[PDB]
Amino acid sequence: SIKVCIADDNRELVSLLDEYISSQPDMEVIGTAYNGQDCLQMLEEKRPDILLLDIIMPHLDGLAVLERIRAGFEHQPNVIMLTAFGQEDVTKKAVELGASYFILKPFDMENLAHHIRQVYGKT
């Protein structure tokens, strides 16, 4: 059971991520946060294996959170930045500190091309 924590200030995205990760048979969601300060508070209690972290947030962004994780925590999760188009340059500083990243495209295409084939096939 891979234990995952989510921290992002887009409430719609956090909800989708929680649903998606919870549907995976080998993973579990053990906490969520909407800003950096609450993320750092969560990690002190839950010790997840994986943290999905928004790279840019007002006041305390994902790189400031990652720096605090590396400078003050004994137990650190593997951090995966959530990066949208145009945010790649800022993500690169976080990869220099050892995080990994996931390019988050705006709309979900899963199963579209399968559905298209099913429709086309029936005619």
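Residue numbers count along the first chain shown, from 1. If you superpose the two forms and keep the largest set of C-alpha atoms that fall within 1.5 Å, you have the rigid core. First, how it differs from the form deposited in another entry.
Only one entry in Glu88, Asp38, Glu28, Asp49 has its C-alpha moved by 2 angstroms or more between these two forms when the rigid core is superposed, and that entry is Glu88. Superposition of the core reveals a Cα shift of less than 2 Å for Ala99 between these two forms. Put the two forms on the same core and the Cα of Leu16 is off by less than 2 Å between these two forms.
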The other form holds:
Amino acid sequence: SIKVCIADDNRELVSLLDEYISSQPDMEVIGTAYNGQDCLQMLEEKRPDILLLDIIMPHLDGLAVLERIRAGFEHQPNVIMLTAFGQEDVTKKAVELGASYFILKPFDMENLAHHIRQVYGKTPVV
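Structure of the form deposited in another entry, given the form deposited in one PDB entry:
Only a single chain is listed, so you will not see partners or other molecules.
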């Protein structure tokens, strides 16, 4: 199954995401975090295939998280940014830092699941 981790400081949203993704037969939520530091700690412990990553969060933001994942971890989930902040420089930074996809809030759950499955099933070297 696709193992998903969720990082966002909106607790209600995390619960909705967890409920929906848990209802998909091919997916499982293996961890959630409410800020960037907790997200990094969660990634030390869990090895998701997919990370849903909010940007605006306390302690450490999702772009700092993205940069740390690429530089500091052996195992790397494919990351889907899921944020309200789709500012021109931020989108560009996200792709430079290794994000696999970037979805704006507000979003539809079905579209999100569609992207999860495409990103998991993705590279250029055969």
